[PDB]
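K.L.:
Could you put the whole structure together from the sequences, leaning on the hints where they help?
Protein chains: 2
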Amino acid sequence: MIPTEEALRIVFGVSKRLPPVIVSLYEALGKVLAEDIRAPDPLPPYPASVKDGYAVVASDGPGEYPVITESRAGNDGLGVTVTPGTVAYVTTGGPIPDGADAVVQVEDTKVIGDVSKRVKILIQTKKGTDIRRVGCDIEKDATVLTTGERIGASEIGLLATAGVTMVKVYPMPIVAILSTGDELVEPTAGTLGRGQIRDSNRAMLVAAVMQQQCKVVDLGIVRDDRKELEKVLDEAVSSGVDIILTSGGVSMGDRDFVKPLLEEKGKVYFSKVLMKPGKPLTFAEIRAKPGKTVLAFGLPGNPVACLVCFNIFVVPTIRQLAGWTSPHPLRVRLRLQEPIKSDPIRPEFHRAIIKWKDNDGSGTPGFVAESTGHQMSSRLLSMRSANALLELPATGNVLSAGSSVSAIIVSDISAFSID
Amino acid sequence: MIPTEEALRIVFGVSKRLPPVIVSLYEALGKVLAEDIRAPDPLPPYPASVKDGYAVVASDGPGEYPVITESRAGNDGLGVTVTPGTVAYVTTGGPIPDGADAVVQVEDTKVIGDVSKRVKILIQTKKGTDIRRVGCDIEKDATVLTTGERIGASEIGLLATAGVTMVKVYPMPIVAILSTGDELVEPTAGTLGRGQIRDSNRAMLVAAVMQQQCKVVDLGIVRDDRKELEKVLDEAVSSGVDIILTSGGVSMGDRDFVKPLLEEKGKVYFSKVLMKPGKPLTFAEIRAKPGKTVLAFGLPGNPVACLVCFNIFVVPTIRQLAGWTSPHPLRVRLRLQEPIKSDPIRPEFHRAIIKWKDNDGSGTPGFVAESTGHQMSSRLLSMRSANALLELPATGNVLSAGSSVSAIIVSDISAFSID
Ligand SMILES: Nc1ncnc2c1ncn2[C@@H]1O[C@H](COP(=O)(O)O)[C@@H](O)[C@H]1O
Ligand SMILES: Nc1ncnc2c1ncn2[C@@H]1O[C@H](COP(=O)(O)O)[C@@H](O)[C@H]1O
Ligand SMILES: [Cl-]
Ligand SMILES: [Cl-]
Ligand SMILES: [Mg+2]
Ligand SMILES: [Mg+2]
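Protein sequences appear in the order of chains A and B. 227 is the number that the numbering used here gives to position 217 of the first sequence; each next residue is one higher, with no gaps. 23 is the number that the numbering used here gives to position 13 of the second sequence; each next residue is one higher, with no gaps.
To be clear, the hints were calculated from the coordinates, so they are not data collected in a lab. One or more of the hints may lead you astray.
Since the list gives no way to pick out one identical chain from another, each pair is judged satisfied if it fits inside one copy or across any two copies.
Okay, derived cross-link-like pairs now, BS3-like style, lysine-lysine, Cα gap no bigger than 25 Å in a straight line [claimed, not checked]:
no.	residue 1	residue 2
1	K136	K351
2	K120	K289
3	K237	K299
4	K275	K299
5	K282	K120
6	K120	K269
7	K178	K302
8	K136	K289
9	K136	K286
10	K282	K351
P.N.:
This is the structure in structure tokens:
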């Protein structure tokens, strides 16, 4: 039995980033860049107006002038030179005609006459005012995005600015998922027979892998039969998947075949971890027959321990495979809203609902946590709405309300319900 | 011109939750529940062993006993009664045979004899030990999920436990997106002609709407022509979409038709907001010809102001339409890593890269922020990697390094890179 910190280190040491692929612009969203992106031209590529108004010769100053051209886009004002004593109408983003060196916004002007157009400039402007010089936002050949950067909406915007519609990125791993047990029935079952339960772990894990943006290979329910589980694992290993997730069949039962089958097919690095909830967790590396590596997690059958192990061990593995330079989850410090008894031997991953408060109890703003209640590993209601795992050390003492603890954030911090 | 707080309030007051729909189990992920979910049977539905070991009569105590049955699943041990002086083998999750009232884990036992099986119980156990009574995790008819609850992986697990494979939920709004401008070209363009730029806002907004899990209707580039924009808007309004996003054509230019076209098709609630970056932002409610409501955001053309307006005003609108009871973004308090000059008139949404530190500068853990640099509205590089918008009030003073500010978190807090 090893501590969770050592188990993570082993997983990180074994897990390798996947080979990069070439995807389309919208397929690149969520993925980590596998190449630098340089701007092929400047932004703006032409001197552009910041305002709707008039392009002027700044040294002319206030006065009445003829409007010699209008410039909004493309070739507007091409070949026209704004000389001292003249102006040109411009819209925001419009190219500045040759000779003009500043822009006066329309609110600082007044149109004069009926009908040949004439305008009164009402202020004294300075050279360069309200003009974006060539490349002031992005210089030609500047690096706008770099390898290792995760692509979000503004990064998609930067790729489109630079005219990149096919992107080199690290792909997401493909994950196979199966459940084990003679007691299981499909979640479509109505009336349950004696000694039956609905398979809940498979759909839970399929959903958790979908939240990580990975393709899922659903291998269904496998019975407690060594030859049948071996066949499904052999098929999963040769199918092309990167990660295999099983649940159940890893405790001390006489028909728990996951651990010995993974020892036979590949290298098992550990099978037991010092933690609450649970204990059994097999991690193995299998080489598929040529040729590639497949990572296997023999997750515990108890629903809570199954999901807690996914959150702590599988999520950073998916991220590492997908090329994330920072795969660790966000850890914050927070205050307890109620007392919690820690375990004397096992450090706990206590499920909690956390929120940011203007006063965390100590007079200053901060995160606070409420327990989800009874933490029994068979009680999936303890995972309901839980957005964090409080890391409670094995002191055996009662941590009182108001004391501070470390907490792992497990669900999108930007989707957090406010206080 | 109105403050951002009033503009949000108007948007919230106009925005209505969409009619609920019935979806499949995996389509329900990410969606808000539109009905309560009750367990049709208890969990476990039979008295279940917590351990791999032996089901005993607790009052027998340590001694040697015959193993009268084996119970792992279904009908194992049906009709067998464990009487005082006998035991039954059990695996974790196995049904407890009639008559047994406790379980002794296999580590507290020893198999005796060769071959009729016999086992030595090594401890004195207490009635009920290591048995999950019927319904101890979930009681029959208990409410496991309620209306207004967002479905994550554990909620999918709870639906599968309860045998629910078709779920009533609030759907995501469908969003139409278009760009405006005679200066625009597609992001596939190579060499740009004079007075041209690649359309970056459309792909940026498509990606931002994909991050919010909404279907996108891409309406392309529309030119600065009143009749053409009217036709595209009329087609978008009658297409069945819930939200229309345009960008550009909302400043003071003589060919900026978005605002007057939205005034003509529906009700414009506001067109100008006191904020940095930007100023123009049109919000309108259109009634489609029978019949349903369509919300329109005339977003600014400047890339930064376009995305900032999406993050602050469009994201909570999508969430409200999708039935979120808490659509507001997460706001935290944090310390500045460097000095920042606030504006004298406009409150700023200053882009920043934030992270949680063990020491935020004041000796206690907390969030800290670095500016993304120059905040010019034309500079999309100021949005690069920005996971927060610092809310800097309009005091005109220099906020020094180490001072505290409010910050809006705009990208998945659980995807935050650690310090
Ligand atoms: N789709 C777009 N992508 C990039 N820049 C844009 C887009 N639409 C408008 N702009 C720019 O944003 C500024 C304001 O646009 P407008 O309100 O149409 O004058 C101008 O500098 C435009 O060139
Ligand atoms: N797919 C599953 N869904 C729900 N419960 C499970 C699943 N697989 C195993 N279990 C339960 O988890 C516990 C441990 O499983 P095992 O390691 O196979 O003994 C038992 O109580 C099982 O009935
Ligand atoms: Cl436990
Ligand atoms: Cl601005
Ligand atoms: Mg089992
Ligand atoms: Mg325009």
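K.L.:
Compare the structure with each hint and give your call.
P.N.:
To see whether the hints hold, each was checked on the structure:
1. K136 <-> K351: Between copies, since 23 Å is at most 25 Å while 69 Å is not.
2. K120 <-> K289: Intra 79 Å, inter 22 Å, cutoff 25 Å: inter-copy only.
3. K237 <-> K299: This pair counts as within: shortest intra-copy Cα distance 19 Å, inter-copy 63 Å.
4. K275 <-> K299: within (11 Å within a copy, 64 Å between copies)
5. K282 <-> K120: between (80 Å within a copy, 22 Å between copies)
6. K120 <-> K269: Between. Shortest inter-copy distance 22 Å satisfies the 25 Å Cα cut-off; intra-copy 83 Å does not.
7. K178 <-> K302: within (21 Å within a copy, 42 Å between copies)
8. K136 <-> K289: Classified as between: cross-chain Cα gap 23 Å, same-chain 72 Å, threshold 25 Å.
9. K136 <-> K286: between (69 Å within a copy, 23 Å between copies)
10. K282 <-> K351: within (24 Å within a copy, 54 Å between copies)
Hint violations for this structure: none, all hints satisfied.
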